[PDB]
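Just one chain is shown here, as structure tokens, and it is the form deposited without the named molecule.
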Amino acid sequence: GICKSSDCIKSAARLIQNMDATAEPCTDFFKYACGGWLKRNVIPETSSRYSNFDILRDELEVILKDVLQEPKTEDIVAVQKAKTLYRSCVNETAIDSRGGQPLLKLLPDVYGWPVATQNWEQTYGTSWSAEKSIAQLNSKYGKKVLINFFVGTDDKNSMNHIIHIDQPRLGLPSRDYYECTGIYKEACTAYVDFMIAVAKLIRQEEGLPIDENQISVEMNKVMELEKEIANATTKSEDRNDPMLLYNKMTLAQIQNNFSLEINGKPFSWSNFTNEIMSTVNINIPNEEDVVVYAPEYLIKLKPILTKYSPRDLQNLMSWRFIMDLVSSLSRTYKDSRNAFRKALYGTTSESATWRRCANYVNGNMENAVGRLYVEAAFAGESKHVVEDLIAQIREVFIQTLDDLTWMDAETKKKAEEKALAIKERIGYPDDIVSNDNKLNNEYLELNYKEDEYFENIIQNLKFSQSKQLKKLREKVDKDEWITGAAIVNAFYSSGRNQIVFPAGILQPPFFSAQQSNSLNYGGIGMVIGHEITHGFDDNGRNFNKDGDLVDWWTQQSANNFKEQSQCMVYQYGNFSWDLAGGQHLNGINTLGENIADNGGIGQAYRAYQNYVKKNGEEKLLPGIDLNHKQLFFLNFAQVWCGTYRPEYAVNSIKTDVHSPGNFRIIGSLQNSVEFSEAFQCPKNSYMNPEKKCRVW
């Protein structure tokens, strides 16, 4: 009773090579399941993180390279455009020969970069305003500085679009970095040195004199200013309650509450918002309803911006613009980022050009590339099997509601109701393959040049912003996918109440027809449960079956949810990460993903048990002395095998909403009674604490 096919052989070998059978499963299942993986898969010099997910993503890029690099005579226009874009990207000779000219020619559009201008006040100072400067960077390039403005879905009205105002992100990964001490020290130094080096490059190419000391003065002022702004932002821990974040008010009320003085003049919110929306010819009146996510931040901004000159402010705003473009220029400009990249990611060099280009084209033409990918690599027969798994796990969630004693009867009915309303998306949208006309029409306005990569990416930035801004008076398109198909990931959307599984994740170790059911349920099964559970985590539970931010919880059940979930806040917050120098996980910011992990694996296992009950036992795998209950948890863990560079471990522990794979494995299995039964773990072994957390 042992499988002998070539498929079972490499499946078994993969499992065997990744595990470390010398480790005790009940002491550390990560070391047990991924010990061999760690020795076998050294982090590539161009990778900041390496893992099962990252490996699959690298392998997907190879496929994209194959289907993008060679023109074919029968290529429809949409595909021709994708290949032209790719070709422009990988021609490094053409890029190198242009130096920094594409950026230098463009810089006036954002009111220049004062430190690298001959006479900034003379040339730009006369027509400059913060309203117009922030607006141009926003509406043309999607670069959000000082104040974030975006058109998105209305939290409380999921069919409508509405303007949002929020605090912006920073040049460094998080607000914590701006302490610039200890583990943040090198990053801050490299960040300012990065500014200075680029200022020198641009001035040299412009034929301007180089004053080393003067540049240093201006760029340290940039850092001084961004430090204050960072300190003014609200912590991520205080932004996980969607109900508290939602503040609807009129533009008039915004002007009233959030006045700002810049260069001695009052900031006009009407001017700012209309400088943005006029790009798509939409007027914004004072009665316009607006959603403000960060009122505290805007108030704290008041005494900060008065202290700085237009040169100071523009030096920061244009630097935020320039820092993300320098790697799209010649080698000299690429290399200016070296020390900065290493400080944040630990990587010694940028990844291969063709890899970046494949990813870039995928990111900007997800339907055209999704089409090429699925035709080359995706078995459509997979869809119906995944459909059935989703049905099983959805039903398991609903049945589990009876077991949960911390919910009253009517909250259970509402929860079941939302679970039933969840819509699924699997593989790819059929239209990208079956309807050439629609696909071509999507990219009608795009026209790329073979030898102008930088011009192409500028065109893409404008197009992307214009497309989103135009939605303000339009209803939300229900059928629109929230991801490309050539993606190794899965998603839950609160606003649409839907779960999405693109073709890219429907492969080993997650899922295969040539893979054991134990592995399939432990893999994509757990992921399906994960996404479903997201509809009921600390964020998702606030949205109803139609995607609206409304309270459908009784006071008692809501209180009980918070009590049950608090256990997981403490559990993961107590985890210390050696790769991050002993820093602790953020239990609050990772709560949602941890709730989904813990709920999902339990749902998946129960669904698997039900399957075995009705269909019988499976054939054992050769060379592996484990039953299929144990293979379920082994495959679950190997889905999350991986490691981090120290610099990026520090980065991710402050920015990633997920726990590191290491602790997703330890955390979820510590809370799993079924895991400890499968591996016969003694009570109070590290993997089997007698106190366990439970939400779903």
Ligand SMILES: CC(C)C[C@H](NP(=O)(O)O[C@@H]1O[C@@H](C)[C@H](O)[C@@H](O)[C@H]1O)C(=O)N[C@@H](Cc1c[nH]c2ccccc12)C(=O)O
Given for the second form:
2 protein chains.
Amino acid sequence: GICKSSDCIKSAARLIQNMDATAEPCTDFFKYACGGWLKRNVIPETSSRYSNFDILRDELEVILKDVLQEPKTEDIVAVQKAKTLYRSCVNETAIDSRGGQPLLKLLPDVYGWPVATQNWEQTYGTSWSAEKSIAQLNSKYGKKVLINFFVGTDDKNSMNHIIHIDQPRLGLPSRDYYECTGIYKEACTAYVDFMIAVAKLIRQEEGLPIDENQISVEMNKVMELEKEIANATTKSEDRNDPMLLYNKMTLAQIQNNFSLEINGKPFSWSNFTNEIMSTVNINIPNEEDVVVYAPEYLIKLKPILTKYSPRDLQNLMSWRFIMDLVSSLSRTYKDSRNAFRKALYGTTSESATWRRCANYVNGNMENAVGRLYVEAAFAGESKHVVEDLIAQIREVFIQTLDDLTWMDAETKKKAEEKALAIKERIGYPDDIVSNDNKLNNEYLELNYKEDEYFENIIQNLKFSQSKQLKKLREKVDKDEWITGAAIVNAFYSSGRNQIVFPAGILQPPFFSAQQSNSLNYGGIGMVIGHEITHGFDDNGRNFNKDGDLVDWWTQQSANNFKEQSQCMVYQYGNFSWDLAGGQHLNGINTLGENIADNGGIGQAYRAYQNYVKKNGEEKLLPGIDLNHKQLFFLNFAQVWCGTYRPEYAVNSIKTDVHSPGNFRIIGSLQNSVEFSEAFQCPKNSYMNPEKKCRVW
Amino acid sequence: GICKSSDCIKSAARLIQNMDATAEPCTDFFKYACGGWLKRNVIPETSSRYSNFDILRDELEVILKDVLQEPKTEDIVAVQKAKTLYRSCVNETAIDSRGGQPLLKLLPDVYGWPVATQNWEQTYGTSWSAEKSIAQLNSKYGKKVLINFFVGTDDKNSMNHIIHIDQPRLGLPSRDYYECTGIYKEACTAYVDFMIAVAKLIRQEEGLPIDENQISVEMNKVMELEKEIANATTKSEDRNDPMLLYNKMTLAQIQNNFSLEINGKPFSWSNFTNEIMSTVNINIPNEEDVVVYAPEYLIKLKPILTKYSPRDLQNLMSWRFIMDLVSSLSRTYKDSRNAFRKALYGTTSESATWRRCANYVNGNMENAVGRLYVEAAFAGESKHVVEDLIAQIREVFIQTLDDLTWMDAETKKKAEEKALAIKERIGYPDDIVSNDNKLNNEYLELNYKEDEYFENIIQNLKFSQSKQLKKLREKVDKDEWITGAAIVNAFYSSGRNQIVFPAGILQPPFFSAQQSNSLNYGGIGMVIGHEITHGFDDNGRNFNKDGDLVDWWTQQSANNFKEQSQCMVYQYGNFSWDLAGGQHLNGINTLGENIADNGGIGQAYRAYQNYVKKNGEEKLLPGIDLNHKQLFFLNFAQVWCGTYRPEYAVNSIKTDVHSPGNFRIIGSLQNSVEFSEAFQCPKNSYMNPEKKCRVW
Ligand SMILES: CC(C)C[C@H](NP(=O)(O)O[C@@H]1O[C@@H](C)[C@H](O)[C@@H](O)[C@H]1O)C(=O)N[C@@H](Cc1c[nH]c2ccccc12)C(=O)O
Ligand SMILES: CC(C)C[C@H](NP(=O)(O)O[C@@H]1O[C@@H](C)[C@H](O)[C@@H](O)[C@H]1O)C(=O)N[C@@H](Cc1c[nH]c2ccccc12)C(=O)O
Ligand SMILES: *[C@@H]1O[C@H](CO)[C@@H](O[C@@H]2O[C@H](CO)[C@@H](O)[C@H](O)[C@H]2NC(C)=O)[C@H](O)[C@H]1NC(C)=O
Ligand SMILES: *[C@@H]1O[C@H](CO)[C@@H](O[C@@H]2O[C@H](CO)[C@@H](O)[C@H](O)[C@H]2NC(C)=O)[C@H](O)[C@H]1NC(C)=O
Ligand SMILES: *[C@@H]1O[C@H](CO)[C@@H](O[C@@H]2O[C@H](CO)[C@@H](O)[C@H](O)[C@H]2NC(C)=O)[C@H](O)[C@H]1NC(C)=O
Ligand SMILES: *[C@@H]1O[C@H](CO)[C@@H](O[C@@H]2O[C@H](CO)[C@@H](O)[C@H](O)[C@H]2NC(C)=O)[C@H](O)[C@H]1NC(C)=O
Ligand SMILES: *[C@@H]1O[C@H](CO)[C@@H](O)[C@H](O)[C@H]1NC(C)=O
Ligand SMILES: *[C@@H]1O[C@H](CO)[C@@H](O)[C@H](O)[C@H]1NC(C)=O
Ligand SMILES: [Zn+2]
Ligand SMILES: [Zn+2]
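Can you swap the form deposited without the named molecule for the form solved in complex with the named molecule?
Starting with the chain above, the whole complex follows.
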């Protein structure tokens, strides 16, 4: 009754190596399952986080490097353009020789950076307006400042596109950082120093005098301004309810209630919106319907902006533009971000150039790179098998509904209806391999050159926005993939009600038709359950089978959902993270992911149980004395083996909607009776609390 | 009859994961044994070379990190200093904030760097001399330029120390690079650009004007000068006969034979040698016996040094000094080496700081670190077993002499006599664990600062040189170990006639109590044979049982040795390496290592056969359809699994005395009748040529 395949041996050794059998399973199963892993793996200097996931992603990047660096030869134009772009990216010699000249060239096109202009007020200050300035940064360079304007899906009509207005993101990772005290104080000092440093560098390249106190004054003025804007933004905790975020109104109505005063003149929303949309030849009338996500912010925005001069506003806007471009210039400009970056991620060095370039090319040509990846590392025989894993888990979810006691019959039936309506995406879209002509034409208007890297990335910003802005009047192109194939991740789309599993994640330890079923359900199986459950988490449940923000819940069932999930808010909220200095996790912002973890793990387990009942039990793995019930949970946990840098630990608590792998394991298994039955944990042992949370 | 232990499981899996069972063993055993290894273990972005050996040192560095990173209250002074040194090394924030100041402050000590000095002739020209300049770099920093001077063992009198004179190494890996054409072209450009880049950095920090053209003129002269010096050096092929290299003469005779004119003045050897030896208060009279290794080089030096100014000479000498320190300064100085590092190693970044620091501390406090390593990771239970393996292989060597028909009777008796006299070193010197007082005394004169890494490394350079120079009138201490314990390697000393196996190499795949005997003999068994055979290769055979360079060979047997060994020169010289662009191995420079490889595996296999004969067969490994004769050779080969970046393949093929692992596997097994019997290789298959080489 012992497995003797080549595969089972490699598999077993892997389980054995990562675990620490000297640890007690019921005190800390993370340490039990990943103790060996942690003792073996050190976080790379360039990584803010290291884990199984990060390793699989690092291995994928290598594959990308291999295909991108390859001599052209019998390549379609789409692939050639990808390789050219990559070549331009890795050539630091050409980039270093250009200094900061590529940035200094286009600064007038964004109405300049006052601190880096000897006299900004007469060069730009006469033809200047916040409307044209914000619009230019938005529509040409994808930089969203002061007001986030983007064309997106109508929440309540998933077949249409519509203008969205929201609060913008900030220079720092979150609004909390702008307290600038304690664990943020380090971020703020490096941040302001980052400003001053780049200001001096640019002025030195233009051949201008350096008043370092004055540069420091203006940048502290910028920081003063951004602190207010950050303070005016709504907390993420008050933005987890999609129904509350949706405010549809006309442009004229926006003009009426969210007026702004810049330089003693009224801000014109019509002028602003049309400055953006004229780039794609679309007129925006006063009767245009618009969705406003952050009405409270725009209100608070009025007293702030009216206190500042055009110079102060432009100083901030151009800075937000430049800070994301300095790392695309010479080595001297790259180094200006080191202290800032080190404060936020704990990384003493930026990632290897070829890594960033592979990701950059993949992020901007996801179909072209996806094509190369699946031909190099993805087997086609994987589809119908993942198909087989998904059908089981989908069915488990529907069956589980009858067991769940916090829903009434009508809500269960509607939940079932949505579950049956979930559409799936696996591996890659076929036509990126079988249809050369379509793929070529996707990137047809891009025309890259190796000696102009900066021109290439500026071109991409313009291409990305232009492509997106044009969608306003188009109906949504569903089946459009929402991710490249060369991605180590999985996704749920509430708007499309679909689950997506790209080729990058369909590999060990998540998945292999050549590894055991016990291992598969605990890996990709849990992941499939995770993505499905997202359709029914605190966010997804608000969308119907068609992807529309519509309430299909009874008041009683909805309140029960909130009651059931509140258990998880406290549980994960009570977790103290030593890597983040004892600071607690956001039980509210991670709720959806925790619901997804807890539901997914149970679904994968139920489905595995159904499999065993259908074909019988599997032969044991050699060299490790655990049954397959135990092995399921062991593989689940080893999927989430990992560790964090302290700087990034603090960051991710406020910016990552996921819990760290450590607590995804502890939290989920604590609520699992089946786990405690498998490892015979005593009652009220740390892994077996008497109080257990349960949603799906 | 199949092993089922957890130890056997990960042992088998390792073998399985590394091999490629689809490859034909008799066509290419490297591909067969290491094919899977190649796919699984992609070269890390910070590695120029990657291999099993390299993997083991990295895992060892992790252990060193754990035992160095945390202060403990009971830490003896020696350990505190090692930890203080490590802490100073890894504090990059403190290092970055000091820029190049530690170097700039230090540069006067070596008579400065003319190109980066305001007025070099004024400041240093008055007191400058070549004797003192070379001597200072030598006696304080161990940096050997123009003429190599060192205190070492007398080749012909192994109890004494004596002064040696030899040709120095170069800034580039070998004399071949200075052709600067073809495969050496990029290296030369980056090398000179490196000079220019550092000159600019230092001058900028000193607040001096930057004249690009003037700097370029001076630095190309440095290259021009070093080209001539490189061309004057004697080829490595002509330096493998220890008898021909040994030229004993008095200092007076050296002045007579090897006069030199520099800046119009005659070079004084008495002054030069006494400028060095006065640092440890030893006077060197004219009657002092000296060993001169490169008389031809010193003669060729005569017309070269006369053509150059003190500025030219010092620009080169101080550059040789600066290039090895720049990576120990702030990031900007680190990055100046980037293009140069890539040219020689292909690496895109410097290896992890903590890895470098762990290695650095290990290199400078090998006993203190060796102590921490063996207490944390080395099973002392291993020693007696290794003792027994050594005895077996020693006895096999002696017995094998009867089979060798190319030696007459009395040379065989002499060979046996030396074999019997070989002394062994296993694990670590006992004193480093059992004697705190002795360990503390070793580092008594050392005193490190937490925040001055550069100051600490300068102290170490001076201390290291001083300690060695002081030995000139002392007898050689034989019990003194020639390696630290925390080392993944093994050694043979011609001068001591001893074989050394530090704890670091006493681990899988070489050796483990939880490892099959076939693997142990194929691993550490072959390694033991390798080191023993080194005592009888083209170099070792020239030294007697007490380590003295004396001829104990009959003329015929010596001639026959040259004939037998000549086969291997041709064999390995005919090997072309695709990673090195088709360059051929150097059959002459690798002869010694190739002789040891071929001898050792034969000795190890015979010893293994004897062991199985007396103790019986072992249980087979799961998932591997091979018998133990085959597992012997599989494990032997996987010891040498690895791959090279093209730039370093070119590098190593011109500098490494070893063959690449690729050809150590192919070469040794081509000559192994026993290998071909085990895998039933047809005559004249690639792995089984009908013409085979045989020495030992
Ligand atoms: C396997 C499955 C659980 C994947 C799962 N993705 P999911 O949470 O559905 O999706 C997440 O939120 C969406 C809003 C974003 O669009 C996605 O990019 C992702 O961040 C996840 O936990 N992703 C985490 C963990 C992770 C995935 N790939 C990784 C690679 C390296 C390190 C961590 C990861 C993340 O994206 O962070
Ligand atoms: C038989 C083998 C187990 C040990 C064997 N050391 P050995 O050749 O006796 O000795 C080596 O070369 C001599 C010329 C030098 O004098 C020694 O200092 C030592 O560097 C060797 O092949 N060393 C190689 C392989 C190697 C040892 N440690 C490594 C670490 C990383 C990569 C490769 C290696 C090398 O030094 O390269
Ligand atoms: C990377 O960029 C460098 C700098 O632009 C390129 O080097 C130049 O190459 C052109 C091509 O003929 C020459 O005309 C120039 O003289 C080169 N200048 C320098 C300073 O080297 C280099 O070719 C680029 N790499 C690749 C692979 O195209
Ligand atoms: C937004 O407002 C600006 C002015 O604030 C408009 O720019 C003017 O355009 C007209 C006609 O194109 C010119 O005659 C003026 O000289 C421009 N004035 C300035 C100050 O630039 C711009 O056209 C408006 N955009 C939209 C879409 O209405
Ligand atoms: C390397 O050094 C040798 C001598 O050590 C140089 O050989 C001399 O070359 C000149 C010019 O052709 C001849 O006139 C001499 O007769 C040669 N001398 C000997 C002893 O051969 C050789 O040119 C040098 N090569 C380089 C590249 O510098
Ligand atoms: C050092 O120089 C002396 C003198 O030239 C060399 O000794 C001579 O060697 C040649 C041939 O080797 C003989 O013909 C002479 O009779 C020797 N003269 C004396 C006085 O011994 C000696 O070989 C040189 N040594 C080195 C290492 O170059
Ligand atoms: C944030 O804004 C509110 C008003 O919207 C104000 O009362 C409060 O003082 C502000 N806080 C900071 C830190 O500026
Ligand atoms: C590193 O050095 C800096 C400055 O000398 C000091 O502030 C810091 O505490 C040091 N960090 C460590 C870990 O020693
Ligand atoms: Zn998720
Ligand atoms: Zn050797």
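Just so we're on the same page, rigid core means the largest C-alpha set that superposes within 1.5 Å between forms. Shifts are known only where both forms have a C-alpha. Positions refer to the first chain, counted from 1.
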{"property": "Value in Å for the CA shift of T73 between these two forms, taken after the core is superposed", "result": "1.5"}
{"property": "After superposing on the core, C-alpha shift for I393 between these two forms in angstrom", "result": "0.2"}
{"property": "Distance moved by the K10 C-alpha between these two forms (core-aligned, Å)", "result": "2.4"}
